[PDB]
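**Q** The lines below spell out each chain.
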Amino acid sequence: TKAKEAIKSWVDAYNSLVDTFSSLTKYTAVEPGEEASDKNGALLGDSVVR
Amino acid sequence: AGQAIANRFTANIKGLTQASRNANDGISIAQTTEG
Amino acid sequence: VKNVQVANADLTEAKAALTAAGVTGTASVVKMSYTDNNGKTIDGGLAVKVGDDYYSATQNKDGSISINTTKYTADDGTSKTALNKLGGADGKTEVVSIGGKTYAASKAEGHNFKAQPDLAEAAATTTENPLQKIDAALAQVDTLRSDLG
Amino acid sequence: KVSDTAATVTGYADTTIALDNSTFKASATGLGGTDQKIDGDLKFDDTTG
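Chains as they are written, first to last, in the entry's author numbering: chain A, 270 to 319; chain B, 46 to 80; chain C, 279 to 427; chain D, 180 to 228.
Chain A extracted, bound-state conformation:
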C-alpha cells in the first residue's frame, strides 16, 4: 500500500509539473499574423523548459 500511494503521489506531481510547463508555454494562432497574440507564454522558445 505505501509503495502504491508513493507511486500515485509521484505520478501526480510529475503530471502537475508537465501541466504547469504546458500552460506556461501557451500560444494562440492568429490568421492575420500582423503581431504576436496577447495569449503568449513568457518563456516560449526558451531553452529553460525544453
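Keep in mind that the hints were calculated from the coordinates and are not lab data. Possibly wrong hints are sitting among the right ones.
[Unchecked claim] For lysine-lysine, the following DSS-like pairs were computed, each having C-alpha atoms within a straight-line distance of at most 25 angstroms: (1) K222/D with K339/C; (2) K204/D with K280/C; (3) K308/A with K59/B; (4) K411/C with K180/D; (5) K327/C with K204/D; (6) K280/C with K222/D.
Dock chains B, C and D against the given chain A, drawing on the hints supplied.
**A** Coordinates of chains B, C and D only, in the frame set by chain A:
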C-alpha cells in the same frame, strides 16, 4: 516627400505583418515539433 | 456460387494469375500454421504455397476459395490485381507485391501512385541490427533536436 | 515459423476464371430432346456419377 514617407511607412507595416506571420509560422513549427 | 465452379484440382485461378503475370507455374494449396515455442497457432486460411513463397488465399462467403489478390490502384490508371504474400518475421501479416517487391498494405492500394509514389514496406524478418536502430531512433530525436535548436 | 498442413478440399473448392459457363450450358443442352435448357446453373452430382 509626403508620398515617399507615406509609402515607406505602409511598406514597413506590410513588412511587419509578413515578418510576424513568418514568426507565427515558426512558433507553430515549434509546437508541431513539440508534438 | 454465383460464378461457375471448378475444383482446385486444376488450380486454374493460380494458373491464371501466375501465367498471365508470367512469373511461376502451378503449385499446391495448404493450410497455414504458426509453429512457435509456446505452440500457439491460428489458421489464417487455406493459402497457396509456391516453392518457398507462400501466397495468401481465402474462402469467400459462398464457399468460393480465391487467392487474396489485392486490386491496388496503380500509376497506369487501372487497378492492378496482384496476388499477395506474407510479411514480417511472424508471417502472420498479409502484404502486397507491388513493383516486384513486397509492401505493407497500409496506403498505396485504392488510389493512384500520382498521390503517393512510394509505399512503406515491412521487413521479411526482424529488423536489422536492433541496437543500432535504437541508436537510429535517438538519431531521429537528435534530428528533431537540430530542427528545434 | 510458418508451417504447411495438407488438407482436403473444403467443399467443391471453386476457382476464379474456371471453364466457360455459356458453352458449358450449351454442351449440357446439346444431348438432345425438344427442350433441355437447365434452370439455374449446372453443378456436379455423386449419385449420377
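**Q** If you draw a straight line from the CA of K308/A to the CA of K59/B, is it 25 angstroms or shorter?
**A** 23 angstroms, holds
**Q** Is the hinted pair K222/D and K339/C satisfied, with a Cα-Cα distance of at most 25 angstroms?
**A** Judged against 25 angstroms, a Cα distance of about 18 angstroms means the pair holds.
**Q** Between the alpha carbons of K327/C and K204/D, is the straight-line distance 25 angstroms or under?
**A** 33 angstroms, violated
**Q** Against the 25 angstroms threshold, does the CA-CA distance of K411/C and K180/D hold or violate the hint?
**A** Roughly 24 angstroms separates the two Cα atoms, so the pair holds.
**Q** For the pair we were handed, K204/D and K280/C, check the Cα-Cα distance against 25 angstroms.
**A** Distance ~15 angstroms between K204/D and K280/C Cα, so the pair holds.
**Q** Quickly compare the C-alpha distance for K280/C and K222/D to 25 angstroms and report which way the hint goes.
**A** The hint holds at about 12 angstroms.
Checked against the numbered hints listed earlier, the structure breaks hint 5 alone; every other hint is satisfied.
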